[PDB]
Amino acid sequence: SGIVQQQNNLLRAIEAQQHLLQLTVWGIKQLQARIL
Amino acid sequence: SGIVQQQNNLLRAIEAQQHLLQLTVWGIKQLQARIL
Amino acid sequence: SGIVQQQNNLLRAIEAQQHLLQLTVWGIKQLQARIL
Amino acid sequence: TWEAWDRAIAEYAXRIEXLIXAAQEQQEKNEXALXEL
Amino acid sequence: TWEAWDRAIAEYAXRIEXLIXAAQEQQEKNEXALXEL
Amino acid sequence: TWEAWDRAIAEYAXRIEXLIXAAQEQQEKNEXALXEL
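As they're listed, the protein sequences go chains A, A', A'', B, B' and B''. A prime marks a further copy of an entry chain. Numbering follows the authors' numbering, with no gaps: position 12 of the first sequence is 12. Numbering follows the authors' numbering, with no gaps: position 11 of the second sequence is 11. Numbering follows the authors' numbering, with no gaps: position 34 of the third sequence is 34. Numbering follows the authors' numbering, with no gaps: position 31 of the fourth sequence is 32. Numbering follows the authors' numbering, with no gaps: position 35 of the fifth sequence is 36. Numbering follows the authors' numbering, with no gaps: position 24 of the sixth sequence is 25.
A couple of the hints might just be wrong.
Result set (EDC-like, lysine to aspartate or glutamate): computed pairs, CA atoms no more than 20 Å apart in a straight line [said to hold, decoys possible]:
#, chain 1, residue 1, chain 2, residue 2
1, A, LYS29, B, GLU12
2, B'', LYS30, B', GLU32
3, B', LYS30, A'', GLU15
4, A, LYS29, B, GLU32
5, A'', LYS29, B'', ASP7
6, B, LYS30, B'', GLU32
7, B', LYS30, B', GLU12
8, A'', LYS29, B'', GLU4
9, A'', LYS29, B', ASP7
10, A', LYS29, B, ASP7
11, A', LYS29, B'', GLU4
12, A', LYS29, B'', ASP7
13, A, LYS29, B', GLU4
14, B'', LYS30, A', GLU15
15, A', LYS29, B'', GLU37
16, B, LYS30, A, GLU15
17, B, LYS30, B, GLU12
18, A, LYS29, B, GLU4
19, A'', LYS29, B', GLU12
20, A, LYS29, B', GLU18
21, B', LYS30, B, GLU32
22, A'', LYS29, B', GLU32
23, A', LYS29, B, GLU4
24, B'', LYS30, B'', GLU12
In case anyone wonders, no lab produced these hints; they're calculated from the structure.
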């Protein structure tokens with residue numbers, strides 16, 4: 001039960017990187033637009 | 001068979017973040033160079 | 001023993017993306033500040 | 002170009018957010034298999 | 002704003018670095034369960 | 002510097018793309034162990 005609850009915790013962390021990756025990209029796009 | 005096929009799906013997703021992380025970095029480097 | 005040693009290798013890779021995600025962000029913040 | 006990149010990112014961030022579909026929907030077979038055991 | 006974003010990133014990068022707490026501290030139950038077996 | 006950062010990223014993105022070596026090459030032991038079972 002713990003391992004499955006954990007693969008879930010990996011899955012969970014990756015999803016959180018996905019939102020953080022999209023946030024970095026937003027920043028980049030704001031710099032692209034401002035600086036060009 | 002499903003769990004192994006899945007750890008593989010985690011592994012897979014991470015590899016896809018790795019390519020997306022390198023893409024964000026490219027953007028950053030283009031902004032570094034243009035804006036300096 | 002290998003799978004556990006591996007989930008660990010996934011966990012490990014994610015931690016390494018976390019440091020790489022923070023590094024991209026540093027870059028972004030330097031561009032935010034320089035270009036504004 | 003930058004819209005070549007915006008497009009090439011978005012699609013890629015599609016593939017990932019496809020994989021994390023495949024994964025999320027094992028995790029919830031695994032959390033079915035765990036039902037039995 | 003950009004400090005809205007700096008704050009919204011930092012907290013989010015908190016949640017992740019919380020999950021990878023939860024995970025890291027299974028991995029080391031799993032590496033306990035592996036003790037027995 | 003920025004070339005300090007370019008270097009410090011590239012090496013780090015090396016470590017990850019080392020781990021994902023280690024991982025990818027378990028996954029394909031696991032997909033060997035799964036052969037038997």
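Given the hinted pair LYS30 of chain B and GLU32 of chain B'', is their alpha-carbon gap at most 20 Å?
-> Given pair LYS30 of chain B, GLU32 of chain B'' holds - Cα atoms ~18 Å apart, limit 20 Å.
Between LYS30 of chain B' and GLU15 of chain A'', is the straight-line Cα distance small enough, at 20 Å or below?
-> holds, 19 Å
Under the criterion that the straight-line Cα-Cα distance not exceed 20 Å, is the pair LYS29 of chain A, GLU4 of chain B' satisfied?
-> holds, 16 Å
Within 20 Å, alpha carbon to alpha carbon, are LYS30 of chain B'' and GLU12 of chain B''?
-> Violated, at about 27 Å.
Is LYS29 of chain A close enough to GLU12 of chain B, meaning Cα to Cα at most 20 Å?
-> The hint holds at about 16 Å.
Take the C-alpha atoms of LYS29 of chain A'' and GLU32 of chain B', compute the straight-line distance between them, and say whether it is at most 20 Å.
-> violated, 39 Å
Restraint check for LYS30 of chain B' with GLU12 of chain B', where alpha carbons must lie at most 20 Å apart | violated, 27 Å
Hey, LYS30 of chain B' versus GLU32 of chain B, does the alpha-carbon distance stay inside 20 Å?
-> This hinted pair holds, its Cα atoms lying about 18 Å apart.
Quickly compare the C-alpha distance for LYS29 of chain A'' and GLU12 of chain B' to 20 Å and report which way the hint goes.
-> holds, 16 Å
Mind checking the alpha carbons of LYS29 of chain A' and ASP7 of chain B'' for me, to see if they're no more than 20 Å apart?
-> holds, 8 Å
Within a Cα-Cα threshold of 20 Å, do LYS30 of chain B and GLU12 of chain B meet the stated pairing?
-> violated, 27 Å
Taking 20 Å as the top limit, are the C-alpha atoms of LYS29 of chain A' and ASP7 of chain B close enough?
-> holds, 15 Å
Hint check: violations occur at hints 4, 7, 15, 17, 20, 22 and 24; the rest are consistent with the structure.
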